[PDB]
Structure formats: C-alpha cells, structure tokens
Amino acid sequence: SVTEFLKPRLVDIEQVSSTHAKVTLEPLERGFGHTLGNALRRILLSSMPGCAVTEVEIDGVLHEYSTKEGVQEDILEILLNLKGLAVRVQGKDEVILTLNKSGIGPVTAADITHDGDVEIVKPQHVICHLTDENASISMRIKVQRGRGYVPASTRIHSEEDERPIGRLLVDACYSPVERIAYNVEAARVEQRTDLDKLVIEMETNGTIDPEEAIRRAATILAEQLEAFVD
Amino acid sequence: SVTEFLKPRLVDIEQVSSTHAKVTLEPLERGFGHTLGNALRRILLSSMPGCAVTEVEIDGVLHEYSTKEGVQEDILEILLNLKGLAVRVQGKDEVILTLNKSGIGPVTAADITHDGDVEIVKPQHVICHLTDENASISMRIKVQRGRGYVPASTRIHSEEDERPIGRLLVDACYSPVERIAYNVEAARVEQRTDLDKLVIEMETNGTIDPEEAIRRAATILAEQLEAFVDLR
Amino acid sequence: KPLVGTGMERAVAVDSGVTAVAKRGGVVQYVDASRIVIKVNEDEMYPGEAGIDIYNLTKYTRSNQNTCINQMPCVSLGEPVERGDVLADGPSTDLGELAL
Amino acid sequence: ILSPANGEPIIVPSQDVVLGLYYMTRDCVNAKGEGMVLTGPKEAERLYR
Amino acid sequence: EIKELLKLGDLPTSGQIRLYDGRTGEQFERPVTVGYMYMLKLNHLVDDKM
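Chains as they are written, first to last, in the deposited numbering: chain A, 4 to 233; chain B, 4 to 235; chain C, 697 to 796; chain D, 490 to 538; chain E, 1194 to 1243.
Derived from the structure by calculation, the hints contain no laboratory data.
A hint or two may mislead.
Stated by the list, open to error - Pairs of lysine-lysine residues, derived as DSBU-like cross-links and limited to a Cα-Cα distance of at most 30 angstroms, are as follows:
#, chain 1, residue 1, chain 2, residue 2
1, E, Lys1196, C, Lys697
2, A, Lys145, D, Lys531
3, B, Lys200, B, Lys10
4, C, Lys697, E, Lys1200
Unchecked claim - If you want a taste of the chain C side facing chain B, the calculated C-beta under 7 angstroms gives, among others:
#, residue
5, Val727
6, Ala729
7, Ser730
8, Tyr756
9, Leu773
Built from N, CA and C at the ideal position, the CB exists for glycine as well.
Given the sequences, and given the hints that come with them, work out the whole structure.
Structure follows, in structure tokens:
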C-alpha cells in the first residue's frame, strides 16, 4: 500500500555500563533514521527535565576568583565539582542543602545533609580536598528543577534577584544526558538496501537509565504531535 | 509547570495560490519548532503519497523513439510532457483516462474525458501540438497512486506477461510536493514572551491539501516514534 | 542553453551541418516532427518552379560514437523565415545555439 | 602503514580531513561562549551541538 | 559588472548566501558560494567500463 511504512524490528540494546547505552534499530525507511536520530538528540539535549544545582553560597568566599586557604582546590574547581553532581529531587521545585565538614578533607557528596526527599545517585562523588586538620568548610547548595541547559552567562543579567553577596552562579545542566550521538548505516532487507539502520549511543549522569531517558524523549515528542495526529 | 509542555496546534492556513500555501503552527516551546520543522520537511519531501502517470498508449505509435504524422512534438517529448501532468484521483488507485483530439492546435489537459472522480488541476497544461487539419490523436493514459520516485527499469522487474508492442512506459514521480520552507518566529501568547510559532511554506502541484499533508506527516512521525516509545 | 556563454555558440551550430538552415526565405507552410515544408518568397522564385522547399529531418540515427542524432523543429506554423535561419535544432543544440 | 622506501607513514589526511581538523582546532577572540568553565569534553560537545 | 547585475536582481552582491544542512538543520557556520554552472556529461560511462 501507500500508508504502510517499515518499522524497526531488530531492536538491539547493549549496556556498556550502568549509564551507557548503544541501541541499534533496523530496518528503517530511506532517510527516516536521520530524522529520528536528530529529533531524539535535540529532545534529549534541550528538552529533558531534571533537577540540578543552580547557585552556590560559600561562607568566607565572596567572588569566583576568591581563594580559600582551607581547601587545596580553587573556587572554580569547587563549582565544577558541584556542577558535576547529579541529584534526584522530587516533590518540590527547589531545595536547599547545607554542607559542613571538618577534620580530614576527602569531602565527597556523602557528607551532604540528608533532607529525606532529596536523593544522591553518587554519594562517593568527590567535592573538595581539605588538607588542613582544623580547617572547616560550610556551604549552601540550591537545587532547582528545570529543563535543558541554562548557562550562568544568561543568568548573569537581571542581577537584582542575586543581589546578596556570596552567591555564585553555576551552570544548571538540568538534562541528565551527555554524549548523545546517532549514526546512520546501510541496511539490507531482501532486495532493497536503501533502508537505513540507526545506532544511538547515549550516557546519563545516573539519575535515570539511558533507555528510560530515550523512552521519555520519545513520549514527549509523540505527545507534542497529539493535536496533529489523524 | 516545567514538566508540562504547551500543545502546538494549527492556527492559520493561508493559501496564496492554487499551489503555494502557508501553514501556521502555534504555540511552540524553546527549540521544539526546529525539532518539529525540519522533521516535518524531511518527511514531506519523501513520504507524500500522490498520483502519477505510469503507462501510455497511442494508436499510431510503436516505440518511444518514433514520430507521428501531424504532431509537432516528438513521442518522447509527449511522454515527457505527460510525466509532469498533475492529476488528483480519489476513490481508487488505478485510472485509465482517454484523450481524443483532432484539428490544428494545442492539445491541453482539458481534452481528457473526465470520469467524475478523477480531477485535473492544470487544464491549461499542454501535451502536444497538431499541425495538420486531417490529423487525429488518440491516447490512453494509465495513472496510479504511490510514493517516492520509481524509474522504468525497477518497475519492469515484474516479469509475468510481456507487454504488448506500443505500450510505452514512463517514469513515475508520485511525490506531489516540490518545495518546503519552514521558519520559526516569536509568538505572542499570553505573557510567556518565549513561545514560538512555526510557518511552513509549501509549493506543490495542487493535488494535495496542505492540512492533509501536514496531518499525514505527523501521523507517519508518530507511527515511527511508537517503536522508540515501546523500545523492546 | 548555456546561461554563461561566449557568443560563439551560434556560429558553431550554424557552420556545423547538424542543424537544418533555410536555403530560401519564406513562410512555414507545414511544420511536422519529421519534415518541414516551406513556401519560398516570390522574390526568390525561379521560372518554372513550384516554389516549395522540403527539409527531411534525420531522427534517431546512430552516430560514429553510437550516440543519437535527432533534429526537432524550432518554428511554428505560418512563421516567416529568412535565408540562413535555423529551422530545426540538431543534437545538443538549442534554438541555433550549441548546448553541450 | 609505513612506506618501505623511506619509512615515512603513508596513511595521512590529504584534503578534507586536514581542513576539518584545522577548522575545529582553532581559536577566535570573541566567540560565543568564551570564558566559560566546563567539566569535561562531553559538556563541550553538548554545548556545541 | 557582475556585482551590478547581481544588485539588479534580489541577490547579494558577494554571491554567497547562508545554507541550511538538509539532514541536520542548523545554519552553516560560514556562507557558501552557490550559483548555476554549465555541467557536461563526458562519454565515459561506468556501465561501459564495468
């Protein structure tokens, strides 16, 4: 017929690690693999909701280039480490966590105060290296539920909300997707070979399974076309 | 409110001409329009069903490389002209039209005897010219419905009965959409000041309704997305 | 036709024998995909002559390189013509201009 | 992969791979996103895409 | 003269416009040179050499 279209049946999913997926789909209509891969990649990159750190308050530090004698790492390193942390906040939009550590300083994410609702996927994720014995670190972390990637450069404008000193803006990175790529290869069925095969390689920060992220992206894209369906 | 997404919908279908048309979808959130727009375009270029001419039969012809007395254009030129004919057929996937002309003058598409269900969108389209008073042309045109572009070599693959001599085979271009141009602009919706609207300009042959084409493309996209939604 | 040319296409097409040029001026009495019959002008007439020029175009004849040689009329019914005017376009020729 | 004549490698990019790598590995002055701090190459790619 | 002729039409004088990738979609980083060029098909066909 004319309305019938080929659907990918050889759904092969192999997990390199707990947060790494390589999904192969075939057969596909000529050129359809590119559309599917691009749409899924765009939705994953700029449309996946998630909870992540937004701004960080550090006691004794007033600026990004300020230096703390207690920690061997710079403030920029601390901001990068906090940005790399993945959270699974549920229930409410934004949560405030308090971190207080002293003594030996292999301070990881496990030392954060547990609020019950908040969840930490990787408690062993290192945060800072306090070398001095008596030096102590105290900080406040704000986590918000947003969508996509929100760099601090855009949030620099309209500073009236962040008027109090000691608050440093960090990149949000709400979407739990990193290194999402798609490749299209030749596939042969019977006599036809113009069909395409789509290989999607993706990783997640650990909040959700990569296949769960793919399912959520596909569901979002499908429900975005509900009014246009026949 | 971050979890929920605004639902896009058709808001205006401004038809500039019988072929040129514009379709407006609103509202759209952030880059979704792009993620939609190109996708829709990448579908509308390749997977649009349409009707095309497959086989031709002329009484006084024997092969594609011959000529007829009293006609100005060559038989191959006539077949090339018939290849670009745009016809909208509803109710069935097979129509055998007949054309009979005589006298000096052009042979437009209006000379084809309409069968009611079959509709011709370009009556002024020219097929050939007769340059003799005592010249008559009789043609049988076979039109079918399909998708994409198939040449004669792949279509003559089915070898079950040899075609009679004088049944010319022409290439079929079933796709009725020629040009797609999508763009995304700011949409004034409530107070968000960030929602966007998508405008799609389509230049077709007039045989497909723009709203029907958009709905068909969306249905195809959803059908392909169902497999990813399931995912084993 | 070439969008960008040098103006020498007309000379190359006319000088070569692929195209059918009009030996005498007149009007096209009967134009057909296989032959052209023109009526010469009274000025170029000859005594005891009917005054009709017939050009038989060569269609689908193989060349020395197994290609196709086809001539198609480029004039309509009743169109006046002059001496040296092209009547039919030869292979790879458009309206008397070389088109490779 | 090594030419027996002199020992020099033979598998080398020639026309397009070299141009693409040169364009990718080039620094502007006031390009968009300059001065940012990234946690790794994956974030850099996700920013570029 | 070429630039003046381009200005006569609704085309840029530089002769380069911004193209969009057909498969992927976004704007190309730099303008590309597009136009219409006379192409010839030489008498060297692959089916005659295979």
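Status of the hint placing C:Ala729 at chain B (closest C-beta pair under 7 angstroms): holds, 5 angstroms
Hey, does the C:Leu773 contact hint survive, CB to chain B under 7 angstroms? This hint holds: C:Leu773 lies near chain B, its Cβ roughly 5 angstroms from the closest one there, short of 7 angstroms.
Sort out whether E:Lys1200 lies within 30 angstroms of C:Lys697, counting only the CA atoms. Roughly 24 angstroms between the alpha carbons, so the hint for C:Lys697 and E:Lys1200 holds.
Keeping to a limit of 30 angstroms between CA atoms, is the pair of E:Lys1196 and C:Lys697 held or broken? holds, 23 angstroms
C:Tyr756 as an interface hint toward chain B, with CB separation required under 7 angstroms: holds, 5 angstroms
Measuring from the C-beta of C:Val727 to each C-beta in chain B, is the shortest one below 7 angstroms? Result: holds, 5 angstroms to nearest chain B Cβ.
Does the alpha-carbon distance linking B:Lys200 and B:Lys10 stay inside the 30 angstroms limit? Holds: B:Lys200 and B:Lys10 sit about 12 angstroms apart, inside 30 angstroms.
Check whether the Cα positions of A:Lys145 and D:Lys531 lie no farther apart than 30 angstroms. holds, 24 angstroms
Hint check, C:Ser730 versus chain B [nearest Cβ-Cβ separation less than 7 angstroms]: holds, 5 angstroms
When each numbered hint is compared with the structure, no violation occurs for any of them.
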